[PDB]
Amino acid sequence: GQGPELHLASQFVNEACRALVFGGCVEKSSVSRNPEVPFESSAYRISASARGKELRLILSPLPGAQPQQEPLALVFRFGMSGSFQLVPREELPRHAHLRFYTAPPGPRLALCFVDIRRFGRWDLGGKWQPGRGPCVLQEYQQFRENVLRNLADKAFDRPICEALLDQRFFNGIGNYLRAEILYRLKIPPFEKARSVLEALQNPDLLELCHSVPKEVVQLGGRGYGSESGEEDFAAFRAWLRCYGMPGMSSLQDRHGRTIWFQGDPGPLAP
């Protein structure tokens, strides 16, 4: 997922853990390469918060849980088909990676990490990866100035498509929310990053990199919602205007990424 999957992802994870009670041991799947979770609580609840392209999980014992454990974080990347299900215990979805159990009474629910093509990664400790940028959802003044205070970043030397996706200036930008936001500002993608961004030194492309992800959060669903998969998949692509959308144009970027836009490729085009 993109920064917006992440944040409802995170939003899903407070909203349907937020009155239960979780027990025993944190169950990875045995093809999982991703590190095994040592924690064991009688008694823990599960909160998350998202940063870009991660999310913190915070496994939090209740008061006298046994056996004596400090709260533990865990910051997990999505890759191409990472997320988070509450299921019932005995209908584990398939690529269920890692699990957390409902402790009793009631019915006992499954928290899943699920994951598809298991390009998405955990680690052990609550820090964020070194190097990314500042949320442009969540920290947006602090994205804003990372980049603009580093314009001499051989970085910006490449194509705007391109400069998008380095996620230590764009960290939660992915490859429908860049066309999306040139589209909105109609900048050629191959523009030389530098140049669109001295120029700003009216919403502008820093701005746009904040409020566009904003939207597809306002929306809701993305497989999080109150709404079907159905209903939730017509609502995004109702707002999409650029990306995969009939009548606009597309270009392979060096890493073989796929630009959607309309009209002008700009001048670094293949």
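Positions refer to the first chain, counted from 1. C-alpha atoms forming the largest set that superposes within 1.5 Å between two forms make up the rigid core. What changes on going to the form deposited in another entry:
Core superposition between these two forms leaves every listed residue (66, 218, 211, 226) with a C-alpha shift below 2 angstroms except 226.
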Contents of the next structure:
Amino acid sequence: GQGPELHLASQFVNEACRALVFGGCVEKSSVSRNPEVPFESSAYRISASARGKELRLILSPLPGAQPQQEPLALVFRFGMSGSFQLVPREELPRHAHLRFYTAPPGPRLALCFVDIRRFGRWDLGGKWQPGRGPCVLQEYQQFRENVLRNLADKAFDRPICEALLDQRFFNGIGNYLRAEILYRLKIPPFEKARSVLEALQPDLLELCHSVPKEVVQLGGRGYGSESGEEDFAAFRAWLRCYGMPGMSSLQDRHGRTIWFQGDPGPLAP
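Now that the form deposited in one PDB entry has been shown, please provide the structure of the form deposited in another entry.
Chain alone follows, minus partners and molecules.
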């Protein structure tokens, strides 16, 4: 997913796992090329936070748990189909690539990273990807400064629709959000990035925060349906531009589809 989905998944893990105790090893599916998580505890709690298009899990063993184990942090990226689900241990979804198992007492559940297409990745260590900019949701002011301070970067030579996907400057912005953000201001997607950003040193950088914040405020699971069909309908109904009838579409330089109304902009193919 994108910022909203990573943020809501994070909120999901914290609520679902608040009163759960995990035990044992962390199991990876045999087909997954991500690394084995070397971690075992008779009794540990799981928590989460999001930053842009990444989510950090913390595995925190209870007082006196065995084996001797310090807390462990994993950072996840979701690629095109990543997701977290809490399921019954015997009813694992089809592409559950990493699993944390509840300990007795109560019914035996699995917290699962589910990723159909396996573009998602996880790293040992809890470090954010170096080079990703601050979170458009949780680090707005730092994110804003990081863009205005670096408009000289050749990243801003590109059309604004391409620039908005560069995770060094818009960590959390993906394909639906660039369409919804540029539609709110009727900025041609192939206006030059530097041209639209120089003019501001509710604007484009403010909406990079407020638009995805709207997806989060729906409750539900953004571009997702872990919360039901109702919350997915609510998301489709919030969209004004992305995939919507009557809207134009072009391929950017990297073959990604940009949705917009009216003027393509000067740098259009």
